[PDB]
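What follows is one chain in structure tokens, specifically the form deposited without the partner chain.
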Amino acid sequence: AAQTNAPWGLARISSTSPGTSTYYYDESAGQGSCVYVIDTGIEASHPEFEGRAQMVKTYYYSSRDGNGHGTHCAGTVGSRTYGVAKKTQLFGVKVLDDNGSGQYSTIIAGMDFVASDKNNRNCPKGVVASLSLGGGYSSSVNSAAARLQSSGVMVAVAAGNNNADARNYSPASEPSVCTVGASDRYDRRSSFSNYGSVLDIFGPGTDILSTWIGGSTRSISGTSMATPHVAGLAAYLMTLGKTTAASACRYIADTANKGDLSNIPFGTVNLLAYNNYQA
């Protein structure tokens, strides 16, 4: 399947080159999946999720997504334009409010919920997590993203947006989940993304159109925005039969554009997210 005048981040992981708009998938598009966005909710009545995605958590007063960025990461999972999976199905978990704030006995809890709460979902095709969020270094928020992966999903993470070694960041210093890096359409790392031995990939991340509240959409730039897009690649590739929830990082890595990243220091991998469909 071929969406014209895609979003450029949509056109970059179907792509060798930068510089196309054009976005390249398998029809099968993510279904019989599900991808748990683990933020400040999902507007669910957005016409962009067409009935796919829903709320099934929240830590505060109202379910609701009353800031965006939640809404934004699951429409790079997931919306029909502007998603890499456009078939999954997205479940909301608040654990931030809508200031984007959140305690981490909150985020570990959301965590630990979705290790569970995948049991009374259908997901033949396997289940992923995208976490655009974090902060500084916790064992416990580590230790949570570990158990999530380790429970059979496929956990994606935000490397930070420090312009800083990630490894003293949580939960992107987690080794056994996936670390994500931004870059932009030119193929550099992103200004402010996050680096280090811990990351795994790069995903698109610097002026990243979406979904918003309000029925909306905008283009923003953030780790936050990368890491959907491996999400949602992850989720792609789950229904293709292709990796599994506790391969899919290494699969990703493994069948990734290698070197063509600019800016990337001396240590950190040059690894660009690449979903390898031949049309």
Contents of the next structure:
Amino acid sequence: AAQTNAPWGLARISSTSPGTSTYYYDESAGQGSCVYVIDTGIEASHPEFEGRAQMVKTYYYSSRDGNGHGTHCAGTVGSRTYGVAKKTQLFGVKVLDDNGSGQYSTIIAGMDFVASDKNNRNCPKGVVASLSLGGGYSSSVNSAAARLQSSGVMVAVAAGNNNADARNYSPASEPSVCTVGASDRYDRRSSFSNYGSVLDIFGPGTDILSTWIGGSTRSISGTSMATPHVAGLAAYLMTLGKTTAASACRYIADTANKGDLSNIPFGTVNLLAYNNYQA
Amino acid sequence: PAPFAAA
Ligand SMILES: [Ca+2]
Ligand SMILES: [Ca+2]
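Please supply the corresponding structure for the form deposited with the partner chain bound (the preceding block corresponds to the form deposited without the partner chain).
In what comes next, the whole complex appears, and the chain from above leads the way.
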């Protein structure tokens, strides 16, 4: 399948080269997979989700995304226009309040929630969790992410936006999950992207168009935007049977575009998420 | 404490 005039990041994920504008992908499109977006919520009524999104948990007075961040990330995973995996099932877990913040205790509870809740959902092609969030190093947060991964969920987490080594941030620094840095449309490391040995992969993160609340769209930047590209890619590849939740991060790194990025510090992987789709 | 903002 071909989506013309796609957001640059979608085109990038299906290309060996920067500078193209069509997203190419197998029409299976993540059908039969599930992606949990652990964030500020998801505006499930957005036409872009086509009934494939739903809120399943909140820790606040409402399950509504009153921020937009979670809706944007969910859109990059799985919206019809802005998403990588256009037929996946999206589940929202609102661990972040409408100011975009959450206590680590709440974030941990949300991760453990997903590890259990997947057993309540129909995800025959597998389960992914996208965590466009984080703060300073916490062994408890990292352990929660490790448990979620161990439970059979492909966990993708943001590296962070500190232009610093991700070793000092969580859940970015948990080795066993898929830690995602950000790039721009010219294949530069995004200016704010964290780096370091713990990064597994980069995805598009600067100037990413996706869904927003009030049935709208906008372009924003962050490792929060890169992460759902990788989560959606994992779901897509799992539907194709190319990999599993346990192995998808490694598979994505194995099959990435290698050496394309600039300003990658010595010791950080130079790997850009790529679907290797050949029509 | 938190994610990477409202964005
Ligand atoms: Ca090229
Ligand atoms: Ca890792």
